[PDB]
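Engineer: Here are the chains, one letter per residue:
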Amino acid sequence: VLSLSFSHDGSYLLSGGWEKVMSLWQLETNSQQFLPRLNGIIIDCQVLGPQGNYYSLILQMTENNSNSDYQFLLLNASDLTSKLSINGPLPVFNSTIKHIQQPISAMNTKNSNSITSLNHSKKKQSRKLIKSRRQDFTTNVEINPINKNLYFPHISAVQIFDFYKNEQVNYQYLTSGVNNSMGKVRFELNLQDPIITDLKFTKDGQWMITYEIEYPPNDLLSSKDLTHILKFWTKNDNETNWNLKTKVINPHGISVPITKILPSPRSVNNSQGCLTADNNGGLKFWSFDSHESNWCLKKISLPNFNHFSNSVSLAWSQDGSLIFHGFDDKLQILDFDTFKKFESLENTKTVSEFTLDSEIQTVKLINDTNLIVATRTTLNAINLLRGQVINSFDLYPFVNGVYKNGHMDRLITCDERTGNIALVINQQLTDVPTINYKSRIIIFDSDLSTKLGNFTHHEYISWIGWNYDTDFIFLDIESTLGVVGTXXXXXXXXXXXXXXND
Amino acid sequence: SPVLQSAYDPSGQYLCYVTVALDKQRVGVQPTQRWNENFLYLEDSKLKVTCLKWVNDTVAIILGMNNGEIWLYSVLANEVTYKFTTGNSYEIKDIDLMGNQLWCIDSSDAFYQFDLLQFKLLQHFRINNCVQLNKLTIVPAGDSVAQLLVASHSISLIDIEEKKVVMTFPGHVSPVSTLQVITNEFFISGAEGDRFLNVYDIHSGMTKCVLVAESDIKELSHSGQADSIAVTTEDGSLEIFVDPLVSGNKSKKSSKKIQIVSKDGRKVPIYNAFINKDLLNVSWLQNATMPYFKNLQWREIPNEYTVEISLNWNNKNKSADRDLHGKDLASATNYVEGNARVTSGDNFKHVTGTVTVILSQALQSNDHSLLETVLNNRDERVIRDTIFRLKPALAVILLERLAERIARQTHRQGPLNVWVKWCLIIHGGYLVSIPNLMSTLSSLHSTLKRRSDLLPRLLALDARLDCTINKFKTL
Amino acid sequence: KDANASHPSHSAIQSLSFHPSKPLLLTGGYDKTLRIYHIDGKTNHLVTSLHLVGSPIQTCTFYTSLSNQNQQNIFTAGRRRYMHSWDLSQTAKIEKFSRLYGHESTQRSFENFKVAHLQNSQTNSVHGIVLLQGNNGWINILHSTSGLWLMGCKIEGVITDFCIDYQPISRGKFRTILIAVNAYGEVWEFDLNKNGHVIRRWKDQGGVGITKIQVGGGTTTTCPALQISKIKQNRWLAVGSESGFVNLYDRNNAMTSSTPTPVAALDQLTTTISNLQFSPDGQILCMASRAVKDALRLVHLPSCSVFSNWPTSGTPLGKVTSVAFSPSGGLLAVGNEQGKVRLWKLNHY
Amino acid sequence: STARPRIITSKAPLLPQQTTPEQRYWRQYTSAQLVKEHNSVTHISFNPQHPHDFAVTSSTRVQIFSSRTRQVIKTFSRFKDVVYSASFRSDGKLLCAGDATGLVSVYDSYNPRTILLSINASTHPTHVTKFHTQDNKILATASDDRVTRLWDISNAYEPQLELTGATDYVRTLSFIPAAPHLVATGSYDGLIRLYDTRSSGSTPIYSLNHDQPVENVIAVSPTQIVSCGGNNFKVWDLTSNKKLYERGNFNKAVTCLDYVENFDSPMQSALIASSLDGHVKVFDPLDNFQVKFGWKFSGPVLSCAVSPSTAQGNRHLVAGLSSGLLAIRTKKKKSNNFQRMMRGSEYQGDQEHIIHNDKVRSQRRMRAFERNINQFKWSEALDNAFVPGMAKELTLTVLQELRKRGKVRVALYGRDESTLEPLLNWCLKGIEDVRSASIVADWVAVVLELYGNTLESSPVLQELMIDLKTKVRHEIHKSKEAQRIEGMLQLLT
Amino acid sequence: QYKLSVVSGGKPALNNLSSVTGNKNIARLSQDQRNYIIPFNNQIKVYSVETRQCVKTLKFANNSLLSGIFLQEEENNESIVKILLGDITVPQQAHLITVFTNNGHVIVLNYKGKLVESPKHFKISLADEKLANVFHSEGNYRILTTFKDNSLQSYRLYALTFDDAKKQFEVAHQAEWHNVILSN
RNA sequence: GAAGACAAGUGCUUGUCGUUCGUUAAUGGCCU
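Residue numbers (the entry's author numbering), protein chains in the order written: chain A, 300 to 730, 734 to 788, 818 to 831, 846 to 847; chain B, 3 to 36, 46 to 67, 72 to 262, 269 to 372, 434 to 557; chain C, 239 to 326, 334 to 594; chain D, 2 to 334, 353 to 512; chain E, 9 to 101, 104 to 159, 166 to 200.
Be a bit skeptical, because a hint or two may be false.
[Claimed, not checked] Using 35 Å as the maximum straight-line C-alpha spacing, the simulated DSBU-like pairs for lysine-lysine come out as follows:
1) A/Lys427 - E/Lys158
2) A/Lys546 - D/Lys499
3) B/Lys284 - B/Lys298
4) B/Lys370 - D/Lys499
5) E/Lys64 - C/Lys338
6) B/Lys315 - A/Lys464
7) D/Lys499 - B/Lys555
8) E/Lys133 - E/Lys183
9) D/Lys488 - A/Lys523
[What the hints assert, rightly or not] Partial selection, computed: residues in chain D whose CB lies under 10 Å from chain C:
10) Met361
11) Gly363
12) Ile373
13) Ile374
14) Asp377
[Claimed, not checked] A few chain A residues that don't get close to chain C, going by computed Cβ distances all over 10 Å:
15) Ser431
16) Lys464
17) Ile724
18) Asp747
It should be emphasised that the hints constitute simulated quantities derived from the structure, not laboratory data. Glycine residues also receive a C-beta, built at the ideal position from the N, C-alpha and C atoms.
The whole structure should be built from the sequences, with the hints applied where relevant.
Structural biologist: Laid out in structure tokens, this is it:
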């Protein structure tokens, strides 16, 4: 039981628990009346009206294991409608960021902490920021290209947020979860909801694609596999809710992650297609048919490899001609019309197969000309016209093992009109490193000819994309957003305030 | 109309209005330039406001009464500061004010003179040969208030000092509604229920021009220096005039005309519009008794112009906490699948006594009752030979009509499975030559794939059966 | 001039209530509409006009809170589980009290309700309440701005109506009193300031099939107070019937014997009484029947003489379904079934 | 606060050949009654104007059936020998009938006793008599005389124009909507003739080759006609003077064809064709004439026609066999003082200022399993899953949404032996499908670690456990051998 | 050429540095119950209750006094403990907010109007221990803080008075408790 | 692993810990 509060009379008792329900106990006849589901567990109940007018309360959002996610909620006592709910923007980081200790329940889960497991976790959680440098705390964020809302894949959901009005406009669930059907209780708190891991838009903006993974319950016969479910969603410009047209169970067969996704541009099929790269490196071309209202696989490319590279990235050539694909230590250039290697009659060693020094983290192209590749150790910049590298930068001191593979991609984006920004992060210490970090934004153009601008932010930075208003947006641990960009009058005064025992 | 009597201050920043409220007349001042819950309640049921006038140091309005006395109202606090009481008790039909002197009309035709400074009745005063009088306005000669104008269907210019009627003006058939001095020569008379304003001359004693509105004239206002006269019409319209005093010249029709029609299409009545130099003010009643206003610049405006107002005539209610339908604006929106198509990534698309010829016949056309006559055959020597004498193009179409029956009927892939293999056995060499096997044999590849994934799960269930079955049989 | 002539109504007018300080009338019936008519002698125009969808509206009251004198909620309900509460500008503020925090099992409908002030007496803070009816004897009490179920008040038998006395205790302090009516004619006296206990019981002399009680002579739910010092204990009590019988009780003497003799048994009507409202000064007793046309009768007080001149034969009433007095100006508004709220003026006041 | 989400039923990845939305409209035609006639029925045509009747030819008999009663209203029998074709005019009043004695006898419908107009056409037997679609008083008949005669029925004693040039056996002609002068006329030699009746007409304008004997010709659009001839049928574009499509998806020779347009259907324009196999297949000009739905009747089908778009009643697909059978398939379709006291209910807020509706929409009634899972009665929800009057889909949707929400053991701890036997009697059926076998694998294994100890005491479970041993090993043998083909299939790729 | 800035705010800044209080909400509804005031981690927002949107934000980046207290980058240690509604200084002057920090600082702010860039700062003396909770009766003020000599925090109770001078506050030691688990 | 503290058992043993140092299961369920 998380919080109790009496009314101003003293005849009513609000409650609060891991069950997501505000129960109003009558103390006179011991009945109760309760709102069933309130978007996560409720921390602190509070009645504010002197007449008993408003119920006001605090929310935890226990779906995120990596961040305290507080939604201040207020209600009318009469109707019990959510009136003027206030919520900060909610990312989801890769690990538990900074000193955040999950609220207390009965039994220790991966979603909550016990009493005996309370201090044994907090002592351990400091050591993960002391023993390891492996911590990244990175957030996948995608920008809506026509409405400039900023969708956050809070797990099994999307918080549709916009930073101009600084306000949450939606919270849509995107999975057949267990979410609003039941507040999870202490043995059931081990069951974690399916996790949206990828969320991209087409360049149209009329389509949003959804990759998630549903998890099994433990102690079952099928508690080993993982269903990789893909979903392709639509809405109009008028409506803010999304609508599902093709759910896809298991792309690339069963138990295969499709971890990297790039959408198609307007050149190829009016941006109504998406690509999915495996850990094996298979390429499928999902796109949209017209006479059917639904999606199919127009083109496949399925290799079977002896090994699994969990770091893949891929880039599209703006003409719609060819597909750059990055596997570990190795680039591939695919003719889209064949899904094979770019076979050349020139034989001028412009080979589709490249051989890089370390495992690829990003593949980004400024134009048809440039191509910027970050390995696990280094960053390189290779032109397309001549296949010779231009600029070398040893990111090995800044990034040794700082990132789980693939997560470098969300830090580094390319404004297609100006150029690149990579996002370099330090931790800083005096005399064991501190908890505090320091991130530097560096601006790049034309496969890193010059540094256009070095901006040094005092805290951490977890994500960068570039908004189509020619500007880069970045998050932070404190969930802040920053932009890298370019007589009668005296008779009038008295009537203003005056109008408004025996 | 709900507003009985309304009047603006000079310079047009406020108006008083007098309306009824449960058989008790109340007065109230709103602002017009961009509410006011304060009101002055008249105590008795019977006393009624009869004529109304402002004062240009508190901003006070003057209330002519049914009672026989004159209330004097300060607007800052709802208090009536002092009372100007005629000893006789008839209603006061007109009130007038300039400087310290005040002037009013008894219903027994008696002039009166009050001081605002000295708070005192100067003279009980009557004159001959004016038997009914209901509108009095004083001429602005200067500090000399003398030779004031009074009228009821006919205007008399009457001096104070010699206390006689100097000029006698022809007038109307109705009693006169509006009587205002524009210029030091010219002034307007206007009747009740008539479409005709006169413009007379004080010195000459003639009519110069007349003015004509399209319906009956209810309330009058005029600009500073005789440029603009804006007439509130009883139908609800503002028939204004531009340069009425300049030179068919006998009667002058209205120059510009202002209507107000709401957004749903209803006509809204206009009462008591104010005009100043080059800035027009409209009023109308938005609710039953609440007046809303609009300043507009009128020399820009065309000859006919309908100010259109959004009125909530059929406006459906938008509660800010509520969504467009049913749920809250802060409630989460549920995952609702509905009519989604569910596909796998394995589902490809868009990338000798024989039975041969009858099987070949039901594949040329699509025929389903005739296929099932074929597939009852189960001798493998028939199964070998029937596929063998078949066109190789037809064998590819046969496999598609197999996997559809294999998928939709689970037990059916027992006996049919031999009839799929020999298709692949005999025509394998042709089947290399077709360029896209995965496209054409997609429904075959999809059905065989979904059986393949059950292999680790079913072999897992075998042991855990045979844990128990090898156990409970012995003991 | 009529109250509906500027905008007519469709269903049979069910309940009227003026505003305690403002000039307004609230007409609403089975038409699922609320209409608010500002009242003059000459024209009576719509202030606004609210249409609810899906809820016939059988009783309507304005409610100005005793503390703020700026809330001015409008509580309206019908034969539904809920009760809308429109507050007092294109967008309307409408709250609905959908839920009973204890139990919905007693009352299935909110078709009769009265709204009364109440004092806390732990704090000297006054809030409103909503008084309901229920299953068999239950009168439930919802807090008027929060919807909290306060207190349940059972009586023997079957409830037909109730009314709300106010007793002033000192300056700044008063207690409110329920007066519930069994159908057989047993009057209960619950007090809401402390938790609901009986104060007393007394049977009406006779009175078998009883429809309505309303008390009067002071502050009632039709002619309510403005500040706490205005709250005055009532003096007249009238008990309706299904056979025309109204029984008048002097509240000074009837509170002694607890089986009191009523003053005069009014029997001028011939059918079921359906509206008993007093003047705000407590000198006139309306009595009306929704069965026969043209059936309003005025009773003078304390003389208990029915007025003889008005209403005449040619006084247009219709089947009178909803009578209401003004608080201040002495006006009289009488509904009908035709939809026309025909308005009078007691020229004394 | 949020509303409670409805439990979403499990939808498997789609097995091929799903119920396409055009297969939901054309399968509505049921209640097939079969009327015996005395000989082969040759032509069937619907009344255009109020389409409630259709004429049906026979041996010496034209009958008139109804829409709603589907029985014979009236019977024309005054003919001497076999009457081939009975069309109606576009007005709808007055129908034709061409005989074997060569006389077309046009008269009003709904009146079999007045032969209004007996046009003695050619001495060879007239097969086809139609009315013009555009001008309602010009008739055109054909003959076995290989001349088609446009009769103006003001003058039943002279053909207005002799339209000729045919090589062999004209047995269809049809008019075209954009041009009242232009007439499509199909010989039996092939060679669809196109005429301009305002010209001399004895020569055609241009012909359309049909390599096999063309038997039926019908105009579909203002620019397109359709050659229904021999084995295949081909469409033709007039201004292109060239064929657009061809569908040889039949088996035997065609006989009839029909086109209807803009009717209550997911498919806008319908093209049905008979194939003399009992086999009426339905085609569409929007979708490049692909095959959409097919009936199969007993004997060979000669005449087939559909109710028009203006039917406003139960539709019909009437197909006529050679053996004497008609085959019809159809798509069927207090006091006053009490009402014065409560009359506000039909007002619906028209002229008031503000409309405000709080009322939430009545959702679909929650099922007995979903009502239990919402109220957490999990062990009873599982027992509520195995009702014999319950779909095989929903039982799977219980077990996913009981596995996903809670664990499966909590609904299973209290199970006795008698509550356990409805589970396994479903699970013996459950593993045979591929759609459930990944899930029933969980539900069996949780029983065995739980209730294997009871299973020694219960021999009744043991028989189900031995039967479960067999069918799973059978479902091995499917899943083995179906795996064997996929490894085999990769050679040919 | 390019510039960096800060646009959108983050958390609603709940009182979890206490982690002892079960009434953690800092936000208060106003006297006139028309607008609702929350200190974010980066700003202070005034939401209108009827129109449901922000009617005014109060960023800490705009004022030097605000940025000197909260936007300090080396220490993110100071935080808004509790807003009080009225003027602590003058009896009932309106549209004022007094804000109590984590470490003895008081800021006087203006919603419903343009922010005057010179607030009435009053640094509370004797704030050796860090400020944890402040609350008020009618004109009587007390203070709860976290003091420490088990790893638990002792709580000391104090009081406030005004107009001895402007900057001065008499701090009275009403009570003290030796170690606290849940102060509520 | 240790120290600390507390409880049970008979100075000892077991047990716990809203502590510190060090390494990586209270008949208790979701409104209208």
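Engineer: Indicate, hint by hint, whether the structure satisfies it.
Structural biologist: Hints, one by one, checked against the model:
no.	hint	in the structure
1	A/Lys427 - E/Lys158	holds (28 Å)
2	A/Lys546 - D/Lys499	holds (29 Å)
3	B/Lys284 - B/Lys298	holds (29 Å)
4	B/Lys370 - D/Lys499	holds (25 Å)
5	E/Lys64 - C/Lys338	holds (23 Å)
6	B/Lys315 - A/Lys464	holds (32 Å)
7	D/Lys499 - B/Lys555	holds (28 Å)
8	E/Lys133 - E/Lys183	holds (7 Å)
9	D/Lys488 - A/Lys523	holds (24 Å)
10	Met361	holds (5 Å)
11	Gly363	holds (3 Å)
12	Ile373	holds (5 Å)
13	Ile374	holds (5 Å)
14	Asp377	holds (6 Å)
15	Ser431	holds (52 Å)
16	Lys464	holds (20 Å)
17	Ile724	holds (49 Å)
18	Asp747	holds (51 Å)
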